[PDB]
Amino acid sequence: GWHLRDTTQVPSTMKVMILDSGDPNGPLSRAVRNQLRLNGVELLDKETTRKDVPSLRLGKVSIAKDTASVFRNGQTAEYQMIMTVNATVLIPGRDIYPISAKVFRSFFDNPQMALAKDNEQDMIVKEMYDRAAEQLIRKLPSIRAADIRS
Amino acid sequence: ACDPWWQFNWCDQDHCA
Amino acid sequence: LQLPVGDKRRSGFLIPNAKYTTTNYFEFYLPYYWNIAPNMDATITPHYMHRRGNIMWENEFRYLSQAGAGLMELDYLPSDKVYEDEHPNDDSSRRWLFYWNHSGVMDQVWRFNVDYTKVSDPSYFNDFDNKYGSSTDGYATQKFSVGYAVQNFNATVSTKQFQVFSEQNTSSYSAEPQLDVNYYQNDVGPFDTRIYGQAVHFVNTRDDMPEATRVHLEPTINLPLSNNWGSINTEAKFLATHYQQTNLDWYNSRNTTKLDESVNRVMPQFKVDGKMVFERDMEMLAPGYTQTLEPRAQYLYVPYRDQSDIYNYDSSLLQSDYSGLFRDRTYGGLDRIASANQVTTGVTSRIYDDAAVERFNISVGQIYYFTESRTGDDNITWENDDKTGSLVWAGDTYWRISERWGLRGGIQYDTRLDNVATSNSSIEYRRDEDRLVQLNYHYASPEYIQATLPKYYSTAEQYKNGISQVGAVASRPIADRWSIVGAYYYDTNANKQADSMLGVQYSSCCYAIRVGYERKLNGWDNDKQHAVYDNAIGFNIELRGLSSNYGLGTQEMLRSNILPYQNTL
Ligand SMILES: CCCCCCCCCCCCO[C@@H]1O[C@H](CO)[C@@H](O[C@H]2O[C@H](CO)[C@@H](O)[C@H](O)[C@H]2O)[C@H](O)[C@H]1O
Ligand SMILES: CCCCCCCCCCCCO[C@@H]1O[C@H](CO)[C@@H](O[C@H]2O[C@H](CO)[C@@H](O)[C@H](O)[C@H]2O)[C@H](O)[C@H]1O
Numbered sequence: 002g003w004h005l006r007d008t009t010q011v012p013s014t015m016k017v018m019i020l021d022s023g024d025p026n027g028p029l030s031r032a033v034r035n036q037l038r039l040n041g042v043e044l045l046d047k048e049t050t051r052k053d054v055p056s057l058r059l060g061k062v063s064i065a066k067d068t069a070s071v072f073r074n075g076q077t078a079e080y081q082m083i084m085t086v087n088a089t090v091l092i093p094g095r096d097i098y099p100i101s102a103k104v105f106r107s108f109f110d111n112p113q114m115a116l117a118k119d120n121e122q123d124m125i126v127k128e129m130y131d132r133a134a135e136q137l138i139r140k141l142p143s144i145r146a147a148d149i150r151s
Numbered sequence: 056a057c058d059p060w061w062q063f064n065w066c067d068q069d070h071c072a
Numbered sequence: 039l040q041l042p043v044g045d046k047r048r049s050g051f052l053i054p055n056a057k058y059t060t061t062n063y064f065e066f067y068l069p070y071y072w073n074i075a076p077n078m079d080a081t082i083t084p085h086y087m088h089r090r091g092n093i094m095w096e097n098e099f100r101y102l103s104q105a106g107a108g109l110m111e112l113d114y115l116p117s118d119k120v121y122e123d124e125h126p127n128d129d130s131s132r133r134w135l136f137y138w139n140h141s142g143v144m145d146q147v148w149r150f151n152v153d154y155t156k157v158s159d160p161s162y163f164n165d166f167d168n169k170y171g172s173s174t175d176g177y178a179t180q181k182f183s184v185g186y187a188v189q190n191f192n193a194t195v196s197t198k199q200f201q202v203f204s205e206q207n208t209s210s211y212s213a214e215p216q217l218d219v220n221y222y223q224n225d226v227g228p229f230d231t232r233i234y235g236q237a238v239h240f241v242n243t244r245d246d247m248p249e250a251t252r253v254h255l256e257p258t259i260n261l262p263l264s265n266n267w268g269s270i271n272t273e274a275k276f277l278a279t280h281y282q283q284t285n286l287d288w289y290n291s292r293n294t295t296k297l298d299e300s301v302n303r304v305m306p307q308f309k310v311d312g313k314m315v316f317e318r319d320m321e322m323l324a325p326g327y328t329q330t331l332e333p334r335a336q337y338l339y340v341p342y343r344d345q346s347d348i349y350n351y352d353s354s355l356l357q358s359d360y361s362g363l364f365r366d367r368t369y370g371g372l373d374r375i376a377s378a379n380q381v382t383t384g385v386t387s388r389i390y391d392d393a394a395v396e397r398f399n400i401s402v403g404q405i406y407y408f409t410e411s412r413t414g415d416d417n418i419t420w421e422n423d424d425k426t427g428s429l430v431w432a433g434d435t436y437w438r439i440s441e442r443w444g445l446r447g448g449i450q451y452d453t454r455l456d457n458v459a460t461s462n463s464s465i466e467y468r469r470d471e472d473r474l475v476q477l478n479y480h481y482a483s484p485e486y487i488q489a490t491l492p493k494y495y496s497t498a499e500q501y502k503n504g505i506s507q508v509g510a511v512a513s514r515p516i517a518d519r520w521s522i523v524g525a526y527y528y529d530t531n532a533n534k535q536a537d538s539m540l541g542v543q544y545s546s547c548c549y550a551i552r553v554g555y556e557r558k559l560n561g562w563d564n565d566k567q568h569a570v571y572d573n574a575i576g577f578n579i580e581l582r583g584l585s586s587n588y589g590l591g592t593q594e595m596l597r598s599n600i601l602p603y604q605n606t607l
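Residue numbers (this note's numbering), protein chains in the order written: chain A, 2 to 151; chain B, 56 to 72; chain C, 39 to 607.
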């Protein structure tokens with residue numbers, strides 16, 4: 002009984018939103034803004050006079066690189082990168098709902114090409130934010146459900 | 056005069072003909 | 039001045055802590071905390087080591103300012119009997135470490151980052167405690183970066199250097215400096231446009247290696263279209279690069295292919311990405327559950343440019359997971375840009391419950407190559423000569439079985455390796471931060487190691503067998519005051535232990551006592567061709583009651599080994 006998705010990824014109650022964060026020019030904010038723009042969401046400033054508009058506040062972002070596996074001499078073989086993003090969605094008058102995103106990536110280490118590896122690491126981070134943003138969007142409908150059963 | 060400016064084409068470096 | 043609290047209390051002597059290791063015998067630390075001012079504190083720790091028969095002075099300095107938060111570390115050991123015995127021909131046996139970590143965003147526009155580590159000798163981290171480094175590190179990183187970022191523009195100037203520890207090829211390239219610029223514009227008719235520029239100077243530690251100056255420009259224009267059920271994005275890009283290469287005499291006298299002092303490389307890129315979403319109600323499993331099926335396709339075309347006259351400074355092969363299948367680059371950096379004529383096809387199935395919460399997802403994808411991907415300098419050692427067809431396959435899965443149970447898995451297969459390239463799996467039960475059990479497995483084939491790593495990796499006994507590592511982590515509290523933590527990481531190829539850790543903490547209202555034991559891989563013996571193990575048993579006491587930290591210390595103990603625990607839900 003498959004059928005094309007007849008509903009928007011972002012709930013219709015969230016087609017107009019306010020994007021708030023302590024790092025408006027950061028990479029996570031840019032990724033979230035791009036993801037929201039791709040979904041047709043209209044973004045307002047924090048100082049807008051319009052009420053009854055839900056707000057999305059981006060919290061702290063944690064990026065951790067650890068050793069996932071080691072060689073026979075104890076040197077790092079694979080590096081595990083974990084990105085944790087916390088955010089809150091304030092529905093005006095109703096409540097606030099916390100959401101989170103966790104992204105895992107792995108890459109092999111090569112000291113002989115350390116500089117190259119560093120660039121690769123940067124690329125991975127640039128991708129991880131994007132993934133995190135997607136995850137946040139995928140949690141928007143659930144909040145809407147939490148708004149109904151309350 | 057194609058030495059630098061052929062690079063903007065969509066063909067491979069060992070193509071043409 | 040007698041036993042203050044090390045967080046923000048008045049300056050004084052903290053509780054001394056002791057340990058016994060196989061590398062230093064008996065060690066004991068006598069720290070003194072100094073609260074210089076608000077947002078400024080320091081810690082001076084005499085660290086007596088008996089096997090080395092001396093005192094290492096550790097100086098920690100934490101600060102917070104409008105430019106951001108920073109931490110400096112300076113460890114100095116004036117003399118070392120063990121190092122002097124191992125290196126009798128040197129003038130001095132002093133060891134030292136300098137570390138600096140700064141991160142800050144000032145005025146929402148300026149970004150300052152410093153990540154600097156410098157050690158006196160490459161064996162520093164195999165002999166001393168791993169707090170800002172690790173014995174598993176292969177090199178020390180030295181990065182500075184200052185950036186200016188506004189909503190539609192950013193420009194970063196950074197310096198990256200590396201101190202390589204392995205005594206096989208200490209030569210490494212550094213970017214002194216690197217300048218990156220991005221500019222965006224989103225309303226050029228229906229199109230979104232952007233430009234990326236870079237200017238880098240590559241310099242090597244060795245004086246006989248080529249030096250380079252590279253300037254790169256990248257204009258990109260894309261057309262996105264979206265529906266309620268599908269989307270398609272068409273992107274057209276130019277890659278322009280200019281190389282000025284010097285110091286080529288030594289390289290050109292040793293290799294049959296010649297590096298050019300001036301190089302121009304321009305190539306177009308065309309990409310088409312498409313996504314569809316289908317939905318169904320899966321009543322057989324449970325009422326109200328929704329299953330989504332998302333096909334994704336991507337055609338990529340980049341012409342071929344012969345790049346054998348450009349030295350490879352900062353381009354490395356990238357792993358191809360499911361997310362990396364749709365990547366438009368084969369290598370990092372810009373020295374090597376592979377020609378592409380390919381289509382990537384993948385599918386993702388998700389299962390959400392009645393509360394619109396995602397409980398399951400599985401992704402599988404592949405890349406089909408119409409023509410061979412080549413850079414003009416192709417030296418990767420594959421297991422066969424396959425060049426076209428379905429060469430790369432990837433799969434991923436995540437299942438939130440219940441509130442406390444979670445399962446994750448990933449696999450990467452390459453037909454050119456005639457074997458699974460990489461794989462990882464994890465199953466975790468976690469009631470809270472104290473009750474948890476986790477089983478994980480990591481695999482990397484020897485073929486993948488031979489393909490993506492230097493030749494002596496495929497030749498050396500300690501690298502060539504790949505990775506087959508199974509790990510078990512557990513933690514349990516007792517009587518609301520005791521915490522027990524254990525970890526065991528075991529290698530199945532050699533049937534030998536890799537890492538092992540135990541930890542017992544007793545927490546009280548005003549104090550906490552922690553005892554930790556660890557046995558870890560710590561080096562390789564080139565004479566007898568076997569691994570070296572290091573054992574460490576230490577005790578520590580901290581003072582409670584001045585803060586709200588009533589935790590049992592489980593999470594802190596979980597992060598005290600060379601293979602630290604990560605929460606996988
Ligand atoms: C698509 C769904 C999402 C991904 C789901 C799968 C994820 C979990 C699978 C990873 C765990 C098992 O990982 C699997 O380990 C086995 C056993 O070591 C490896 O298998 C290996 O066996 C022995 C090891 O000496 C070799 O002789 C053999 O050639 C090699 O294949 C596989 O290459 C790896 O895939
Ligand atoms: C789930 C958490 C589990 C926590 C439990 C792990 C903590 C216990 C650490 C292991 C005990 C210490 O024991 C230490 O390892 C083993 C004994 O097993 C001995 O050494 C052994 O290692 C290898 C592989 O492990 C054995 O195959 C071999 O027979 C022997 O060499 C060491 O000489 C001893 O010092």
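These are computed hints drawn from the structure, not numbers from a lab.
Take the hints with a grain of salt, since some may be wrong.
[What the hints assert, rightly or not] Subject to a maximum C-alpha distance of 25 Å in a straight line, what follows is the list of computed BS3-like cross-link-like pairs (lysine-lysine): (1) A:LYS140 - A:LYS103; (2) A:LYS103 - C:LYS309; (3) A:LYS66 - C:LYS156; (4) C:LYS57 - A:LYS16; (5) A:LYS127 - C:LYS46; (6) A:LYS61 - C:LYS169; (7) A:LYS61 - C:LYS313; (8) C:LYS309 - A:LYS127; (9) A:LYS66 - C:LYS181; (10) A:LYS127 - C:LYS313; (11) C:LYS46 - A:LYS61; (12) A:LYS66 - C:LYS169.
For each hint given before, does the structure comply? Return the numbers of the non-compliant ones in rising order.
2, 4, 5, 7
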